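The form deposited without 2-amino-4-mercapto-butyric acid is given below as one chain in structure tokens.
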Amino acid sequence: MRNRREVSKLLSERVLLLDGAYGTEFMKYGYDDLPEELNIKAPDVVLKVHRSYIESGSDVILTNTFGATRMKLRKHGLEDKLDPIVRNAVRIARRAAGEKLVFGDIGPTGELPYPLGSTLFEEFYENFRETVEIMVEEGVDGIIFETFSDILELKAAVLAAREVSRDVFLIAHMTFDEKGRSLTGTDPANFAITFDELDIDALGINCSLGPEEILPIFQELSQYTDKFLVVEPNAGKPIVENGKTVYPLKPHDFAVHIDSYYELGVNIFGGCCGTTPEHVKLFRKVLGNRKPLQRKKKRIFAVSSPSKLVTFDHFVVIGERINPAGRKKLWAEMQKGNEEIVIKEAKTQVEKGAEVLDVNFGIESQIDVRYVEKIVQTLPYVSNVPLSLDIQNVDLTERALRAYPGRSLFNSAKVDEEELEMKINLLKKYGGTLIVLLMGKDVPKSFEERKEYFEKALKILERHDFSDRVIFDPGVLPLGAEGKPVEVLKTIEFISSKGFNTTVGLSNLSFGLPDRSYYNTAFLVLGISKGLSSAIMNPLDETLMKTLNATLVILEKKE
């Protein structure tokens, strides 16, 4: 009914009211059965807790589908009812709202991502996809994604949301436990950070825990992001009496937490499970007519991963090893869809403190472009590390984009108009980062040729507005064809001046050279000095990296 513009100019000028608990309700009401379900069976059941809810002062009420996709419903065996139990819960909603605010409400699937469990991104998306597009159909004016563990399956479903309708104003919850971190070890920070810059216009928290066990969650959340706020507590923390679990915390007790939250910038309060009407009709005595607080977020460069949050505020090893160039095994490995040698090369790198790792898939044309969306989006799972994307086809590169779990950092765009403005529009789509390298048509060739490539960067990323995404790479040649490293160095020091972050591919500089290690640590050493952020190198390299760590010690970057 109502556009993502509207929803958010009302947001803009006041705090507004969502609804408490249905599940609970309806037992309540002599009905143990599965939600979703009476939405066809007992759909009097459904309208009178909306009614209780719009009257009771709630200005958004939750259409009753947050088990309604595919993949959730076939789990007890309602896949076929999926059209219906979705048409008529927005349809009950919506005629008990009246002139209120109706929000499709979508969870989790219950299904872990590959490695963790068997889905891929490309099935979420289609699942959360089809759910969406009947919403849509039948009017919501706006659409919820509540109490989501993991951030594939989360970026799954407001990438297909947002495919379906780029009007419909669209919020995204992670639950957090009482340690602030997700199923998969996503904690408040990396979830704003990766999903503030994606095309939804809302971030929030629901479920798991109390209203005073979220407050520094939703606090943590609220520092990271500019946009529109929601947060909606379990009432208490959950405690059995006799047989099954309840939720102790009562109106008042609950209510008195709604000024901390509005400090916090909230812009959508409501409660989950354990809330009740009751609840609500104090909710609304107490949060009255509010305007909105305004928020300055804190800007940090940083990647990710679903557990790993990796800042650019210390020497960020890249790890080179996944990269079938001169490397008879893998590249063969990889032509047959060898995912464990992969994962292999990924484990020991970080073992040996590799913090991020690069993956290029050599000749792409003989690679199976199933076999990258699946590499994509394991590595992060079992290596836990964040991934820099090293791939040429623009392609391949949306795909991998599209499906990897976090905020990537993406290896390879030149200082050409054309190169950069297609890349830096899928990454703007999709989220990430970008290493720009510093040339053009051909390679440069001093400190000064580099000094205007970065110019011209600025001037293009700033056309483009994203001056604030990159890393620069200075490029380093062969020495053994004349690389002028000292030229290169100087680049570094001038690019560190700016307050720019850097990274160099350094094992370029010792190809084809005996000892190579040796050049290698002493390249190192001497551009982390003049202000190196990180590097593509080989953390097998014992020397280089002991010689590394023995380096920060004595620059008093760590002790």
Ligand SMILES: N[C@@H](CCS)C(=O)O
The other form holds:
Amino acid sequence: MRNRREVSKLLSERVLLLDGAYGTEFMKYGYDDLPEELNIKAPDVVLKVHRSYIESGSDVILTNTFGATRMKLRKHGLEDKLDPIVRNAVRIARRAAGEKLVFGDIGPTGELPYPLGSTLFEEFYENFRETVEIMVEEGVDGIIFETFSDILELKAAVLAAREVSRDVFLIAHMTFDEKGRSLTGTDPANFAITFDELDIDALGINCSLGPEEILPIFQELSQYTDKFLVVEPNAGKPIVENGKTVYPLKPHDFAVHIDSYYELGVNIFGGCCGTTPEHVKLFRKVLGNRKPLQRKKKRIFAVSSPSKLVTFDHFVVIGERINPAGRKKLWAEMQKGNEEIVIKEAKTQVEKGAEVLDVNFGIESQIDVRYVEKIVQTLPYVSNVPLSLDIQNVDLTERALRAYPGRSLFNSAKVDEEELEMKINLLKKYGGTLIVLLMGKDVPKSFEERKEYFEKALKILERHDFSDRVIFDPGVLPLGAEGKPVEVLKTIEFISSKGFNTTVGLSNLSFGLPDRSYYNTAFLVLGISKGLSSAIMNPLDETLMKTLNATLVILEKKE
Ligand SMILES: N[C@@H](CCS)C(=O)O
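Switch over from the form deposited without 2-amino-4-mercapto-butyric acid to the form deposited with 2-amino-4-mercapto-butyric acid bound, please.
Let's see the whole complex now, leading with the same chain.
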């Protein structure tokens, strides 16, 4: 009934109260069935629980659909009841809510993404799309993805939701353990930096921990996003009693935390497992009528994988090896769809110090798009690090970006209006950063020409508001082709002085001469001394890597 603009306006005016738990409430009514099944077998019980929260003051209630997606329902022999389960839930919740807000509630499938599990991004996406379609038809005021443990599954859920409706208010949540990490390794800063730039409306945290434990996790999340914030702690950390799970936190002890969350900018406050109507009644009295606080998010240039956030505040080694160029074996094996060869290359590079991996697929018309989609989804889990997606075709790029688990680095756009716009639009939609190569149709042959491309790039980036999401590659040319490297060093120094990160395709300097290792090392050292932030390079070049380390120590950037 209400769209995202209306909900956003309401949130800007006041902090809202969500509801408590459902799964932990149904047993008290004598129903221990799967919660979702009650929508068909005992809708009266579902209505009573919703009413219990509405009568306690909740401004928003969640539909009884946490496990209502085909992949999850299938595990309970209910996949064929998806439609009645979801439709009945929305109707029941609407009847209880009256004019209060009803958010469609979707939890994770319990299936890990390949290669941890067997599921590809495309299947999670279709799974969530079908449930969202039903909710939008039935009239929800928003959709909340609760309790997610993996960023790829959550990215698929939010992208599917946004494809169904550009108008529905969307909230994405992850649940974090006591160490502040999701099941597949994502910390709050990574979660916020990755999702803040997707077209969702709010981010939040629910479950796993109590209000005291979530506070620092919530604080970290709040510092990295300017989107609305939601929190639903369990009523204390789960503890086992005379047989099973109990949430011990009483109403007063839970409610005293509201102030601390309000100060961190919370927009919607509620409770998860263990929270009861008695808790919600007191939250209502304590919250009262408050206008949300303003926040200023920390700006940062970082890329991520599920378990690693790589911030460009130190020199970043980007492994160049997954590139079939001049590697006839690798080229052959990729055309046939070999994953294990590419996986071996990734792990060895990381072992030697690569913090990010460049991934290129040679003559793209020659490769199976499905293969690009699977490699892109796989490497961040098995090698642990973020990727620099080195792709030429716009269509293939879109496919790689939609399925990338984290915030990627996209390996390059030249300074060409059209090329930049297309790459930026894909990045704005799927998230990510961009390497901008300082050349146009032709290669520049001086510092001055490169500075002009830099300025033209800045004009274009300003126009699409994307200036904070780029790293500049001055364009290293082969020495044997009058590459004039002093001109590139000058450019690096200049870009660094302007506050922008830089990178170079290091090996291009020497790929046509003997002793290339020595030229690459000399140039790297010189480039770092001028401010070079990173480089796509061979991490298996021991001289190169050892001299790199020595340089960082000497320049006091590490020891
Ligand atoms: N909204 C769900 C969350 C389960 S983690 C419930 O209250 O049961």
